[PDB]
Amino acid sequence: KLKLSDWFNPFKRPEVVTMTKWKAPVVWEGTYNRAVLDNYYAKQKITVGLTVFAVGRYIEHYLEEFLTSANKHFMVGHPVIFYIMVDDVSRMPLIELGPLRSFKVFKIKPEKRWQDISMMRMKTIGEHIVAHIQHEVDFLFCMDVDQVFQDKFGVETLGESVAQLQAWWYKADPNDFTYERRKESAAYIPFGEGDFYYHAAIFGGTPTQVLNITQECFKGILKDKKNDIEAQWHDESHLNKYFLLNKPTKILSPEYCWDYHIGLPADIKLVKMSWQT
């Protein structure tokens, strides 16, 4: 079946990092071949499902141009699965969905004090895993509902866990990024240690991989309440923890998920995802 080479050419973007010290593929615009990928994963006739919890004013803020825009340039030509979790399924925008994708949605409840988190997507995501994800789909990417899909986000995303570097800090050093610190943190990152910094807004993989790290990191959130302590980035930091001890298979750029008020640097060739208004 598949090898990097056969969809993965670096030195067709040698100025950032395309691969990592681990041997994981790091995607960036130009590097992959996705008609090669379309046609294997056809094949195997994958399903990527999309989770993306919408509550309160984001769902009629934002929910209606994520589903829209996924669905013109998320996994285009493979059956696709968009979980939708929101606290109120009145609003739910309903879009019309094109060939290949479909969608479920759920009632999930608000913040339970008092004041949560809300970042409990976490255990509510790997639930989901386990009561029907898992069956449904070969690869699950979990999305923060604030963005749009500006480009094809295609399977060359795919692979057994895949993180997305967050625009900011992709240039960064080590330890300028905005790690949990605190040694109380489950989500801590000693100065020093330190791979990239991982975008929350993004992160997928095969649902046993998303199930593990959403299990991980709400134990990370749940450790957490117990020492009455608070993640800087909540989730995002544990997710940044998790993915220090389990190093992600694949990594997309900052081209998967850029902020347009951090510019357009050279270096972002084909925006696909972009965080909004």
Contents of the next structure:
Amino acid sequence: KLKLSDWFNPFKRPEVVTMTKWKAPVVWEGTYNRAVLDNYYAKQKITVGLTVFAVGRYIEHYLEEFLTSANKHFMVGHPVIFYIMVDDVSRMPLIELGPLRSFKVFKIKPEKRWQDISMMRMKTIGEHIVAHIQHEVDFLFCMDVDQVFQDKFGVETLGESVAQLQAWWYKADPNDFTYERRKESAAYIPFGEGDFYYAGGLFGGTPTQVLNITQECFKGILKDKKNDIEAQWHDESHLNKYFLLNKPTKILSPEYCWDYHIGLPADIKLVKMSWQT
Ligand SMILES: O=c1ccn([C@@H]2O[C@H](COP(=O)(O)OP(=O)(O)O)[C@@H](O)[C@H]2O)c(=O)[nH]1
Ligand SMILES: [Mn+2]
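Mind sharing the form deposited with ligand UDP bound? What's above is the form deposited without ligand UDP.
Everything in the complex follows now, all chains and molecules, and the chain you saw is the first one.
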């Protein structure tokens, strides 16, 4: 019967925002107790999934590095299933997996625009959640293939609904975020409102919750297609709309998804994942 204080120490990081008004922890390096959590979740025999898509040139450029790194840093000490959606299985890189890692590969149709490739994920993930994932995992993360694990990315990140603070905006003012601002779009957020700017290529929660994230995001993607319109940052735009209405029970610091082009500020203590360079 886990308490927040059993594992979370917000005062270890006083220079940053460690909790939200709706009372969700923003998880920053130095704030979490991975050993206590590891013991608690292992006792419950939890299983964590991870979807990743790679279509076209993204297979040779990104997938090996994503999977190789995931194997060594993702939920170590816990059964993890990699869900790999590719258009061409014959180019799939062949990697040795360590203990408590397994996977299964699916063939997908390769969408024509790369914008649709990225946006179809929302449909595809939800179909998989219904078909199998709901039966297989207790928690699930969905991620861009053009990222790499740099260090441990563990059970401290688990919750009902998990969002990623986007690296370029965590410090910024809500009136400056790159939200979709055209009212003609489903992703629309008015000025004056919004809590954080979240990342498109990293989110998670229970299968139940991720089905809701994806279903609502794609409903708004479909609706935008029917008004001759396309959100600024596509699926990330709809994800931000969605998280404004349905607040995430957990937010991850930019340490969990850093862009090195920004440099390295004093805030970013130990990078767990960054963008492939
Ligand atoms: O040709 C493509 C285009 C996109 N993607 C997938 O769609 C995601 C989102 O695209 P991208 O990373 O290019 O978004 P960006 O990070 O540039 O905003 C990628 O991470 C891939 O998983 C892909 O596999 N092949
Ligand atoms: Mn990406």
